Amino acid sequence: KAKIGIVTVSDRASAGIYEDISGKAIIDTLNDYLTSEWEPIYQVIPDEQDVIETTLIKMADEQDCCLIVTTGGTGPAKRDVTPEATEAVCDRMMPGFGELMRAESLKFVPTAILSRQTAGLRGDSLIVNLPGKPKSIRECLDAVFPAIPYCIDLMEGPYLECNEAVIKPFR
Amino acid sequence: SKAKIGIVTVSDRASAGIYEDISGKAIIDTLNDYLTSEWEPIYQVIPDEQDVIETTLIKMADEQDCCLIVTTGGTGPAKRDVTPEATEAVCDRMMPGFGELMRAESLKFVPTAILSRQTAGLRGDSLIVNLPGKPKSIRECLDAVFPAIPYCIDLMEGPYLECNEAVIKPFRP
Amino acid sequence: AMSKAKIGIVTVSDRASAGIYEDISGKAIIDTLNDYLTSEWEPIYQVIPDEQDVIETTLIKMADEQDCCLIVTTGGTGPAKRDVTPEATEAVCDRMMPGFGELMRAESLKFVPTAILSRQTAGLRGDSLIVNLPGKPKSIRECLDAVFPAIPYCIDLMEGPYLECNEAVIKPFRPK
Ligand code: NA
Ligand code: NA
Numbered sequence: 003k004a005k006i007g008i009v010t011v012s013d014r015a016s017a018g019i020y021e022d023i024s025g026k027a028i029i030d031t032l033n034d035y036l037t038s039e040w041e042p043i044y045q046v047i048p049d050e051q052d053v054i055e056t057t058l059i060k061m062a063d064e065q066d067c068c069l070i071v072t073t074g075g076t077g078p079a080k081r082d083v084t085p086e087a088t089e090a091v092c093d094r095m096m097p098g099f100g101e102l103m104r105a106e107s108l109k110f111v112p113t114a115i116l117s118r119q120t121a122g123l124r125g126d127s128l129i130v131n132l133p134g135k136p137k138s139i140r141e142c143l144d145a146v147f148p149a150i151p152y153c154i155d156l157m158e159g160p161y162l163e164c165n166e167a168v169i170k171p172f173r
Numbered sequence: 002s003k004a005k006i007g008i009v010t011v012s013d014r015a016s017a018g019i020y021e022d023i024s025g026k027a028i029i030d031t032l033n034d035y036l037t038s039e040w041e042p043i044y045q046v047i048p049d050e051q052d053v054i055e056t057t058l059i060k061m062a063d064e065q066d067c068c069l070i071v072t073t074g075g076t077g078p079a080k081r082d083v084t085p086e087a088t089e090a091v092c093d094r095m096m097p098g099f100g101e102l103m104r105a106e107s108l109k110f111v112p113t114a115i116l117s118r119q120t121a122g123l124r125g126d127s128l129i130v131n132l133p134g135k136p137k138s139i140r141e142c143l144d145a146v147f148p149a150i151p152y153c154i155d156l157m158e159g160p161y162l163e164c165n166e167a168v169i170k171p172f173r174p
Numbered sequence: 000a001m002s003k004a005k006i007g008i009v010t011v012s013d014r015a016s017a018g019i020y021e022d023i024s025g026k027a028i029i030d031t032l033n034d035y036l037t038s039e040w041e042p043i044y045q046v047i048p049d050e051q052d053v054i055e056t057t058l059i060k061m062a063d064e065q066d067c068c069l070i071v072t073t074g075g076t077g078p079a080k081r082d083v084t085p086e087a088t089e090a091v092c093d094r095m096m097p098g099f100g101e102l103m104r105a106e107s108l109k110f111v112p113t114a115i116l117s118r119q120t121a122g123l124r125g126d127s128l129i130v131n132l133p134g135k136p137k138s139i140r141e142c143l144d145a146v147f148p149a150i151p152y153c154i155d156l157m158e159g160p161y162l163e164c165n166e167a168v169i170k171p172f173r174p175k
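Protein chains in written order, with the authors' numbering: chain E, 3 to 173; chain C, 2 to 174; chain A, 0 to 175.
Be careful, since some hints might not be right.
Unchecked claim - Derived DSS-like pairs: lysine-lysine, alpha-carbon spacing no greater than 25 angstroms straight-line: (1) A:175 to C:135; (2) E:109 to E:5; (3) C:135 to C:80; (4) E:109 to A:109; (5) E:80 to C:5; (6) C:60 to C:109; (7) A:170 to A:5; (8) E:135 to C:170; (9) E:170 to A:3; (10) A:109 to C:109; (11) C:80 to A:26; (12) C:109 to A:175; (13) C:80 to A:60; (14) A:175 to A:137; (15) A:80 to E:3; (16) E:137 to E:109; (17) E:109 to C:109; (18) C:26 to A:175; (19) A:80 to A:135; (20) A:3 to A:26; (21) A:137 to C:80; (22) E:109 to C:170; (23) A:175 to A:135; (24) E:3 to E:80; (25) A:170 to C:135; (26) C:170 to E:137; (27) C:170 to C:5; (28) A:170 to C:137; (29) E:5 to A:137; (30) C:80 to A:175; (31) A:80 to E:60; (32) C:3 to E:80; (33) E:170 to E:3; (34) A:170 to C:109; (35) C:137 to A:175; (36) A:170 to E:170; (37) C:135 to E:80.
Claimed, not checked - Residues of chain A placed beyond 12 angstroms of chain C at every Cβ, according to the derived structure: (38) 1; (39) 18; (40) 26.
Calculated directly from the structure, the hints in this document are not laboratory data.
The beta-carbon is built from N, C-alpha and C at its ideal position, and this holds for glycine as well.
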């Protein structure tokens, strides 16, 4: 059974928010994509690099998350430290992800180039930084998820199966 | 707050004395065309020496409060091209989107665009961007990336840059 | 510049230990470079196992002892744990050339969305350019077609040999 980590990074949501629209967008998108059974491991944390690092390490090392997706804290603002935390915990970066996510975003907004979203591997776990807006989250995942089930196969993880009328992963 | 913008021409030849710094001029001319808000250029010509480039950038960011610093020169595969190493050394986090788009923009016209090591990053609240050498390329490069720069500076709580929208339209979401 | 060009070709394979392994990738590289070049050059060719220390050694020998102006690798550039070619390349290079990885992934993403899984990179060690290529002969050729037009000029800038090409097949770009 596949375990997928979902991390909402936000001082605001950590302090208390009516709802977590970002985390929800990730869960709903994954539910739309996946016909195979999967289990979300979900945390809401503040913009604190040490905490983000700890959370990702726990998900990958102890909770066997084959994929971990983060949302928030990827811009130029002083407290946006999610990419740094990601780089800190991953041994092998995946530069193709950031490239594509920015390229797709750039079709809409020239500020796409301000995103420091990245991705990498910690051991057998893929970690991908997503943006904050639900619209953007779906657009982002639509672009990169088709490569993800195959990536997990190559890491000797669970075989993810998709609703091919919603998304078509290449293998 | 009154905006200060650093302009660094990196060049052994220029540092020894040349007729005119056309790359630096291209930067200042373009920024003049873009900007309606008042701003102060802080300009330095320095040699291709990594440590000197580092010191120059650190001063402009830390002491002179430059919200944007742009460099021209020293960004290819040649031994003495050390502007990107200097930029990476002084920045606390990189802005990979800039190197991507600047290469893509240059690649429109020259296959050797992929040899460019031009990059960008943040040192505290200062954005540092490595630009190309030729005036035509500098303008095309700025046309491509500058639309994102005023919003970047807004996010770093810096001065509000105001632009001539007939010339350039910065995006602010 | 007048000096005879040496180009390194490194095949990284989990079957390298077997003399009966048929290296179709290394062959595709050699064949491609022969199609491309009209100037005199010599291939320096090694098939090696996917052991990062060995890949590092091979690259360093080719760059530092055998005067290879260009070294191309094939194999070991995906997300699997055993794929350590980019780490070796990063280890031996003193500065990276991010434009190569961008272009190669872009040329590949034209065909497969798993293009973003490639960790192929490129860098300089001293005056030697090192570029990670893919595995399949078709992908190897497509890759080289995309990036090789910038390579002779790169070598010119590092004061290496002047490479000359068969312009019926590939046209290097050289600016002022
Ligand atoms: Na794991
Ligand atoms: Na060398």
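Each hint tested on the structure:
Annotation: proposed proximity of residue 175 of chain A to residue 135 of chain C holds, straight-line Cα distance about 11 angstroms (limit 25 angstroms). Straight-line distance between C-alpha atoms of residue 109 of chain E and residue 5 of chain E comes to about 32 angstroms, which puts the hinted pair past the 25 angstroms bound. The suggested pairing of residue 135 of chain C with residue 80 of chain C holds, with an alpha-carbon distance near 20 angstroms, which does not exceed 25 angstroms. About 17 angstroms separates the Cα atoms of residue 109 of chain E and residue 109 of chain A, which keeps this hinted pair within 25 angstroms; it holds.
For the hint pairing residue 80 of chain E with residue 5 of chain C, the CA-to-CA distance comes to about 20 angstroms; that is within 25 angstroms, so the pair holds. Restraint check for residue 60 of chain C and residue 109 of chain C: not satisfied, since their Cα atoms lie roughly 35 angstroms apart, outside the 25 angstroms limit. At roughly 20 angstroms between alpha-carbon atoms, residue 170 of chain A and residue 5 of chain A fall within 25 angstroms of each other, so this suggested pair holds. For the given pair, residue 135 of chain E sits about 23 angstroms from residue 170 of chain C by alpha-carbon distance, which is consistent with the 25 angstroms threshold.
For the hint linking residue 170 of chain E to residue 3 of chain A, the alpha-carbon distance of about 50 angstroms lies beyond 25 angstroms, and the restraint is violated. Between the alpha carbons of residue 109 of chain A and residue 109 of chain C the distance comes to roughly 17 angstroms, so the proposed pair stays at or under 25 angstroms and holds. Proximity of residue 80 of chain C to residue 26 of chain A is assessed by CA-CA distance (about 32 angstroms); at most 25 angstroms being required, the pair is judged violated. This hinted pair checks out: residue 109 of chain C and residue 175 of chain A have alpha carbons roughly 18 angstroms apart, not beyond 25 angstroms.
Straight-line distance between C-alpha atoms of residue 80 of chain C and residue 60 of chain A comes to about 20 angstroms, which keeps the hinted pair within the 25 angstroms bound. A distance of roughly 33 angstroms separates the Cα atoms of residue 175 of chain A and residue 137 of chain A; the hinted pair therefore is violated under the 25 angstroms criterion. Restraint check for residue 80 of chain A and residue 3 of chain E: satisfied, since their Cα atoms lie roughly 21 angstroms apart, inside the 25 angstroms limit. Proposed proximity of residue 137 of chain E and residue 109 of chain E is supported: the alpha carbons are some 14 angstroms apart, at most 25 angstroms.
Proposed proximity of residue 109 of chain E and residue 109 of chain C is supported: the alpha carbons are some 17 angstroms apart, at most 25 angstroms. Taking the CA atoms of residue 26 of chain C and residue 175 of chain A, the gap is about 20 angstroms. The hint holds against a cut of 25 angstroms. Taking the CA atoms of residue 80 of chain A and residue 135 of chain A, the gap is near 20 angstroms; set against the 25 angstroms cutoff, the hint holds. Restraint check for residue 3 of chain A and residue 26 of chain A: the C-alpha separation of about 21 angstroms stays at or below 25 angstroms, so the hint holds.
For the hint linking residue 137 of chain A to residue 80 of chain C, the alpha-carbon distance of about 34 angstroms lies beyond 25 angstroms, and the restraint is violated. For the suggested pair residue 109 of chain E and residue 170 of chain C, the alpha carbons sit about 16 angstroms apart, so the restraint of at most 25 angstroms is met. This hinted pair does not check out: residue 175 of chain A and residue 135 of chain A have alpha carbons roughly 36 angstroms apart, beyond 25 angstroms. The hinted pair formed by residue 3 of chain E and residue 80 of chain E fails the criterion: a straight-line CA distance of about 38 angstroms is larger than 25 angstroms.
Among the hinted pairs, residue 170 of chain A with residue 135 of chain C is consistent with the structure: their alpha-carbon atoms are about 23 angstroms apart, no more than 25 angstroms. With a CA separation close to 24 angstroms, the supplied pair residue 170 of chain C and residue 137 of chain E stays within the 25 angstroms bound. Distance check on the hinted pair: residue 170 of chain C and residue 5 of chain C sit about 20 angstroms apart at the alpha-carbon level, within 25 angstroms; holds. Restraint check for residue 170 of chain A and residue 137 of chain C: satisfied, since their Cα atoms lie roughly 24 angstroms apart, inside the 25 angstroms limit.
Restraint check: the Cα-Cα separation between residue 5 of chain E and residue 137 of chain A comes to about 36 angstroms, which exceeds 25 angstroms; the hinted pair is violated. In summary, the hint linking residue 80 of chain C to residue 175 of chain A is supported, as the alpha carbons are separated by about 18 angstroms, within the 25 angstroms threshold. Distance check on the hinted pair: residue 80 of chain A and residue 60 of chain E sit about 20 angstroms apart at the alpha-carbon level, within 25 angstroms; holds. For a cut-off of 25 angstroms, the pair hint linking residue 3 of chain C to residue 80 of chain E stands: about 21 angstroms separates their Cα positions.
Only pairs whose Cα atoms come within 25 angstroms are accepted, and residue 170 of chain E paired with residue 3 of chain E is accepted, the gap being roughly 20 angstroms. Taken as a hint, the residue 170 of chain A and residue 109 of chain C pair is honoured in the structure, with Cα atoms around 16 angstroms apart against an allowance of 25 angstroms. Proximity of residue 137 of chain C to residue 175 of chain A is assessed by CA-CA distance (about 14 angstroms); at most 25 angstroms being required, the pair is judged to hold. With a C-alpha separation of about 38 angstroms, the suggested pairing of residue 170 of chain A with residue 170 of chain E is violated against the 25 angstroms cut-off.
A threshold of 25 angstroms between alpha carbons decides the hint, and for residue 135 of chain C with residue 80 of chain E the separation of about 33 angstroms lies outside it, so the pair is violated. Non-interface call for residue 1 of chain A relative to chain C: holds, since the shortest CB-CB distance, roughly 19 angstroms, exceeds 12 angstroms. Every beta carbon of chain C lies more than 12 angstroms from that of residue 18 of chain A, the smallest distance being close to 37 angstroms; the non-interface claim holds. At the 12 angstroms boundary, the C-beta of residue 26 of chain A stays outside the reach of chain C, the nearest C-beta of that chain being 26 angstroms off.
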